[PDB]
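Q: Given next are the chains, with one letter for each unit.
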Amino acid sequence: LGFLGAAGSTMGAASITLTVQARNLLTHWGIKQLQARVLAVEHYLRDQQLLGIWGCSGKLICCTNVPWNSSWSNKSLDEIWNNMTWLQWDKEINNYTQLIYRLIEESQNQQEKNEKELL
Amino acid sequence: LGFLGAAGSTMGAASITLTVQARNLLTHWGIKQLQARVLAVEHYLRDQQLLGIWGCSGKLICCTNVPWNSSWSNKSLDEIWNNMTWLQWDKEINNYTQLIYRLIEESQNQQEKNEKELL
Amino acid sequence: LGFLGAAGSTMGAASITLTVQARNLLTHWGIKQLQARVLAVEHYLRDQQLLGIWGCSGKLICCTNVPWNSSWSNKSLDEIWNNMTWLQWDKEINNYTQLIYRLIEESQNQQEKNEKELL
Amino acid sequence: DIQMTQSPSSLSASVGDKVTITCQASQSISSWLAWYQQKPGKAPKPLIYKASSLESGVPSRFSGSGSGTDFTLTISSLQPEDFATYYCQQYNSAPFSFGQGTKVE
Amino acid sequence: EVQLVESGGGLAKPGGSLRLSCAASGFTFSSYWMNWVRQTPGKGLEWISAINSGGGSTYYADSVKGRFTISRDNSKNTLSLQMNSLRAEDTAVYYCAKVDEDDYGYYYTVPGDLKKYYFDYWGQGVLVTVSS
Amino acid sequence: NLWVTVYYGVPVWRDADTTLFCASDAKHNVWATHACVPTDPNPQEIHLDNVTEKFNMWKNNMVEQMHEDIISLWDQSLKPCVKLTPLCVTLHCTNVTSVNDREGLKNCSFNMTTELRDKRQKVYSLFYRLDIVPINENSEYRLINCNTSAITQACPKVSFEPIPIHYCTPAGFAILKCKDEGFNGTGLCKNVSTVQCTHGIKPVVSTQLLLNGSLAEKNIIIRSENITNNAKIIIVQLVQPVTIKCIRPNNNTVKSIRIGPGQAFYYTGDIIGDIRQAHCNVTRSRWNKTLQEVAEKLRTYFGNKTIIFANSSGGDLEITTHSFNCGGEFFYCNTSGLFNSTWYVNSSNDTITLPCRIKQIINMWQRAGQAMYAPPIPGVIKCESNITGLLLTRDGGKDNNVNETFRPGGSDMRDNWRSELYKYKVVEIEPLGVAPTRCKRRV
Amino acid sequence: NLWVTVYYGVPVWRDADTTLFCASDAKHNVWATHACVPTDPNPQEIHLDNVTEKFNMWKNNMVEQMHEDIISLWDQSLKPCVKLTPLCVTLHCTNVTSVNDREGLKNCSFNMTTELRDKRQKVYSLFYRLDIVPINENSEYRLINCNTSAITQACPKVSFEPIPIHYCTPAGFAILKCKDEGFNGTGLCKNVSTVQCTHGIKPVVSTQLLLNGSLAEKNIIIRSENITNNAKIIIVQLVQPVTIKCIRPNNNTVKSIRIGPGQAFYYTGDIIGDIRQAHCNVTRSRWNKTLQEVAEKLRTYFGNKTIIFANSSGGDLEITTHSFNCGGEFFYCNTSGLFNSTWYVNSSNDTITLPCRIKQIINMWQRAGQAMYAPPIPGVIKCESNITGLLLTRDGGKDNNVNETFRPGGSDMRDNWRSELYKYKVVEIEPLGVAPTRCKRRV
Amino acid sequence: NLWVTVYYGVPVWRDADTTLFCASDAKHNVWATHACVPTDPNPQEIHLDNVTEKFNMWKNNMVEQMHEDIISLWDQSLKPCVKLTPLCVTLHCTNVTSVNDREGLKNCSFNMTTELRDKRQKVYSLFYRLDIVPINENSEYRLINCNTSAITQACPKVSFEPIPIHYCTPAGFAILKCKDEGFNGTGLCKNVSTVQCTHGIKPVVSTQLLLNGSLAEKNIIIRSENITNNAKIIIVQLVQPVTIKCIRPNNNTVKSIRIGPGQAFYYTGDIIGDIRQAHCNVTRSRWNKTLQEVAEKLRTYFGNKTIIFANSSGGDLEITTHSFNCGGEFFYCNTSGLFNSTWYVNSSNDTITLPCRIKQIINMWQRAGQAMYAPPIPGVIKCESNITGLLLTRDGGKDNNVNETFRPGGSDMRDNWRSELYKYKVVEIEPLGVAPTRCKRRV
Ligand SMILES: *[C@@H]1O[C@H](CO)[C@@H](O[C@@H]2O[C@H](CO)[C@@H](O[C@@H]3O[C@H](CO[C@H]4O[C@H](CO)[C@@H](O)[C@H](O)[C@@H]4O)[C@@H](O)[C@H](O)[C@@H]3O)[C@H](O)[C@H]2NC(C)=O)[C@H](O)[C@H]1NC(C)=O
Ligand SMILES: *[C@@H]1O[C@H](CO)[C@@H](O[C@@H]2O[C@H](CO)[C@@H](O[C@@H]3O[C@H](CO)[C@@H](O)[C@H](O)[C@@H]3O)[C@H](O)[C@H]2NC(C)=O)[C@H](O)[C@H]1NC(C)=O
Ligand SMILES: *[C@@H]1O[C@H](CO)[C@@H](O[C@@H]2O[C@H](CO)[C@@H](O)[C@H](O)[C@H]2NC(C)=O)[C@H](O)[C@H]1NC(C)=O
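Chains as they are written, first to last, in the authors' numbering: chain G, 520 to 545, 569 to 661; chain B, 520 to 545, 569 to 661; chain F, 520 to 545, 569 to 661; chain L, 1 to 105; chain H, 1 to 52, 52A, 53 to 82, 82A to 82C, 83 to 100, 100A to 100O, 101 to 113; chain E, 33 to 58, 65 to 138, 150 to 187, 189 to 309, 312 to 323, 323A, 324 to 359, 361 to 399, 410 to 505; chain C, 33 to 58, 65 to 138, 150 to 187, 189 to 309, 312 to 323, 323A, 324 to 359, 361 to 399, 410 to 505; chain A, 33 to 58, 65 to 138, 150 to 187, 189 to 309, 312 to 323, 323A, 324 to 359, 361 to 399, 410 to 505.
Excised from the complex, chain G in its bound form:
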């Protein structure tokens, strides 16, 4: 299709072309271009490093052990995966999202320790 072409499409349908969005992430004009390039590399690493410590490195889709709560969102999965859009999805959970990352990190670390103890 194209880069960022499924932004307005359904969340379920937009998940079929995530690889096209993830792959396209990478004298005054000289220093300006240098700063832009280092900023782009920094922006890519900001998400790559954060996703790597969650145990889902190199995986476009990953399931975690953290259970979902209705307090964050009481919306049903039907409308979410049938006609809801990703833009509005992020527009609805703008805040209180940073804590989810902390829960995922702690759960992944505990799971790794448990796996080490089991083996």
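Since the hints were made in silico from the structure, they are not lab data. A hint or two may mislead.
Unchecked claim - Derived Cβ-Cβ restraints for the label pairs, each shown as a range: (1) 87(C) x 613(F): 27 to 35 Å; (2) 82(L) x 367(C): 52 to 60 Å; (3) 81(H) x 40(L): 26 to 34 Å.
What the hints assert, rightly or not - Far from chain L, some chain H residues (derived; all Cβ distances over 12 Å): (4) 17; (5) 39; (6) 100L.
Even for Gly, the Cβ is constructed at its ideal location relative to N, Cα and C.
Given chain G, put chains B, F, L, H, E, C and A with the ligands in place with the hints provided.
A: Below, chains B, F, L, H, E, C and A with the ligands without anything else, positioned relative to chain G:
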């Protein structure tokens, strides 16, 4: 053997020293050195992102669910892995390299989606 | 409990707070800021490449097939995980850490080649 | 303008006799002054480079001293020649005026 | 020694004009100041004019200011003095002199000022006189 | 039950600010085309659907970066050549020969230093009256800008042609391009397309009238942050261009002298033929019809009001007069021949002559610490451009009355480029997303 | 048997050097604080338990980087300022007309170049005797540092306010804060805490005295890399600051002259009223008690000998006198009024007067490549500061069992900044670690 | 069936272009090599086998990048030095009084400024006739190049010693080094070795010949992109070096005058002893044998014909003579004494002297203007170097003759470094690789 010391070696024998090259990937003179350093970092991520989106993150040898096409190369497996070097193969696969990458990423994304729906 | 807070704590307790520590790893003032940012990116990539090249990418705790050599250390395992601290332990490993890394590299390469040859 | 005054106007001397010639300055000239000697019918010649300096080519017998406004030309008169008119000229001044002229014989 | 001669003097009529010439040799004439002095009978020597190395910024005494003119030729290595409206008391033996220190060094507006000079070489002066 | 899951490479963005970089085709231009990275031969513009974006060109930060980049490029283009500090000398001027306007040009004479430091030369040159002010109000004269900044002669090799450039963003970011029909300054765009780099934008420096700018699609649109507020510049974009041409009848002859080691200096030597002032022509019927349409559009916003226009407010030339760049000469001149009419609800070889003056020393960026000496252009110079926009400014009328007074004026140069970057907005990509799924992680 | 294992995010570090970047709170400052990144509201200082490591305040690359950064910012601030190269003209100085200290000030007159290149003007000004040297002792005077470097006038808009700056480390590096009480210097620390950025470091510059510095915790701390060596500078940190205050009773007037084509030159005009030399006040009681306490502390490490103290040995005025930065003037005050008291093993309106002299042409960083021309500040200037430290050096090589001698005066400004960076150390964080465990990797 | 598999860290490479950097050994040198990164005592060099790579020195981008790097280094090195623009005055030159090249030297006197802009000074100095041109066309003269661009005096503290610099490539790229015996400029290399950094490349500056350069290992090597084309430069490498010695008998005495504030100007005060012409020596037997070997090796490319050498092509002095940098002094030696002989198919010291001239004003890169004034070196100066390469240029007309004429020219500065970088080339390694096999991933 050293870094890049198996370029002229046999196809099968060159696959043993794959760790000697990957490990070595990392006023006027100051700015030139900084530009070279950022260029090297960008060069490393250029291939790291491609290797990561294919589900082969952290793996030197990876397998994909993409069948080989005779149009790309009609040579037999024995003739490839036991009669030539890597330098005498990239000049033949450089024509359809991008298409192969597109097929690999599409197949990997479809496989991940199917695996998620199965679970 | 805090970033780098369990540095002087016990060996076993310091192995649980690794997730928070891994997260914090990433005119004149402008150029110095750019230089520091590039250096930080290089510093993170230097260790990320080594972690991912050993087959333990995206894993906080990992073990390989390389057997421990008594020449590197002769102390018991119980005092290592119960009466020891990483600071005084890293000192003696600095003399043979490169050899251990090379052994892990070779073991990972041969193991992955054998795994691929299995199919 | 500035003008010099030299005395004694004339005095008799001989070989080996001790004499002296001095000149005074109305204004302060520090040490910018030179002495000259002139024989009858011959062009004047320099004798003293500076207040406490001797001109090149002149014998070491001649000497001089002085500072500020009073300067004295020390002449032991041991030599038989040079019994001519001596002049005291003050440089470092608009008219670079000379002295009245003193003759010794 | 430095050779310095002068000529051109002679009898003249009061209120007329006369020109003098001074010749120099044995040294760089284009690097030293030139001066003209007179010697009257009885009265001491009196300075009357001066000239720099270039030729301009001529200096004259109050007794001959506006009456005499001094000039020099660097190419010809000669010095000249022009006399105009001379009178009876202007009679004296005019001597051509040369300064000791050159004009090399610090200066304000002319390469030869700011330095205190003194006459070193005196040529064989010529006699100039007038009568009725 | 439900479990927390993460998705990588998700297609969602968020408004942010980033540093943009040029994109120009492949040294002899003031905009540094060669020093800039080459333009992408095929900018892939991906169209979007089912999405509506909230655009606001009165708050975007890309225009500020554009202004800073233009200023930096101009300064970078002026410093590597000849400087003109020894020109501040007491000029002796007199009346020109007056070969048929008398006060429009002066014949000046002054001393100058030749290549030899110990030698001085005398030159004769002609300078405009606007470029010289009296030194003691009486004969003698001094340049206009001699007590505020050092004069620097413009580089003769470079050219001031507004070559188009493209603005791109680094990886991880994107520029949203609004394509709605008749989109105003602020509103929700229902036709948005994603592009990596902006289209070719020409950095014009005209004021009170946009030259060679963008064109509307079907009707005249008005952009304003607050149409009710009279302190905001009312930008108007036309649908059909109005041809404008300017010409100076002076057959100027250039002369060059050298001061110091190098530093070649150029001036006006003599004028061949009859001296005359510059002027510009605009079609009578075309401009009248365009002005009538603009008045009708303004009436639509206000409501049954008779729109009238005045000849600006009054002040310095740089502020209340039209400025040009074409031909290497900066034309600063009047605009009273256009904004002088009245309108109501009811309603060939004919042009309008606008007298113009010529000025060399200019401070176009309104900076008191810098100046530029524009060298004269040899012979007759011709120019022609298309008028696409106007910079109106409503007066402070307190009473409602029946008519509203509008005066042309921008008061700054920032709003000039806002009329072209109205369809762009920079955003950052957020490929990381969280969504609940029935799947659960297994050991 | 055991197999090797790897761990990530391990808590270990190594001593290394890295480039640091400044951060400040929310241009007008000489330190260019606008270029630094905005600091966080509060850093997450994590206190470390059971952590002990070696510290060496006398061997740290951080102080070298701070010194280089300060010099770089100073030179960067003076680069776009107005150049004052034509001021090297002969001066005709005479005695001041005001009565009552007249030898320290001279009334000079000299020619100057106006805005026009072919015109000159005459100006009268008052210049201090310190920055004026005779030419030939005829009188004709010449400014100092005229035959060694080109003086540059400081920008009047900028200020030398010692605003604090925070030094930070990039990602992957941390700073170890040694907040232990009684931390004399090099050795082993305890109660160590880790912080991302250091506290507010005062960039104030002074000689043989520390002003507005960090106070000690409970007891007086004396620092020296080799207290027994006589060639090492000894730093002392007090617990109770001693208030100091200096004034300039001369009511100076500031006038401006257009030195060049646009740039202006500021000088000192006629002084209203009688003139008086600048001086400082220190309380005799507080200074006496503090001196007795520091004498006891110094006597503790050395033998039970007699501490004596003395005035500066001599030499240049900079290394002898003490400097200040009260607003826009750089003072140079005497020091024989403080270090003029001996102490054995046992021991006026309470104010000590300290004469001072003002100087304009100065060398802030003991560099002869350029010079500073501090513009005069109009009116009367007053300042107040806290004495927090003193730089002392011991002389002699004999045993001298009866008494010991100590003299004040530092060597460079690098040692001055070591007082604030004595509790910080930069380390490199490495998250990789190897340890053996009974783990068998699966096939 | 077969399946595709991806391989990481695969050993392949592709030609590309990157930005290199200095890696000299452990600033005041003219090249500022101390500022660059330090060298590696054990360079990373790995030998290869069974590999063939197409080499072409005439098309590599390393020489074009090195030329720009050297130009930038030279420009930044001469930037902080004193500018000599006020010296462009009228000089009254005379002879050297014939103390006994009694005609080459000229005694000139001129007016000059000083520390005080109000005062001026008159000084005398000795200059060469090559740097002096008449202005009145007949006593008084003017300097050369002064009428085109400003003069800049090189800082006497810096040294023009051609210390070696190592050119390294960033991570992710490698340099391919060819070790084939008798390898010319082009052709495939069989003995290829991979190295991380280049060897001791010495950036010597010379023309018409090569000094302190690399040498062959077994036989004479001749390099040219098109030997049949006479317009191409024929670079020949010697198997053994030819020693050459030079001396400047004029015992110079360096004086100094302070012009302007602080900065000074260095000139020649007086010459101790008698005036003598600077020259160079070379053994006739060694040079004759070298010419015979070169003619024998070059005879293969043009059949059994005779070889004749000529004395340049005439024209400018900088393109028809030599150019040394011995101790900072530039020597222009007459090469007519070497390339004057003929050779046929059949076939005591007696050193050959070469008269040389010296120029203080120079432009090494032949750029329009921006000349540098080399300060005189006090005392006698000697120099020794080894001749390793000759820059011959084919010359011919109808070409059907039995003899050929070769003139030493070229006049290209890039040809100097091209004779040393013939063994290297930069490549881009691509660790990503795909190849088919029989395996399938799990689901
Ligand atoms: C340094 O600066 C000095 C002060 O400006 C220079 O002195 C100037 O020298 C020039 C060149 O000679 C003179 O200007 C020109 O001179 C001649 C006229 O000279 C002829 O006539 C005079 C006597 O009248 C005679 O001495 C000569 O030989 C010639 O026959 C003509 O070319 C022009 O008309 C013009 O006047 C200046 O007059 C002179 N200035 C002063 C104040 O004397 C000096 O040359 C500079 N250089 C050096 C190395 O000292
Ligand atoms: C350096 O040595 C290489 C060989 O190692 C030389 O390359 C050779 O260049 C010649 C022409 O100079 C080529 O001959 C031409 O080839 C084709 C096919 O015959 C055709 O264009 C002409 O008829 C002619 O024969 C030759 O093929 C080529 N060899 C290789 C292997 O590329 C090179 O010229 C040498 N350079 C010098 C300066 O000696
Ligand atoms: C736009 O500008 C106006 C001023 O012209 C702002 O102020 C309002 O002006 C209207 C004019 O009819 C008054 O009725 C309101 O009372 C004014 N408001 C205030 C708070 O003084 C106005 O707020 C601006 N914004 C908008 C959206 O109209």
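Q: Of all the hints numbered above, which does this structure not satisfy? Sort the numbers upward.
A: 5, 6
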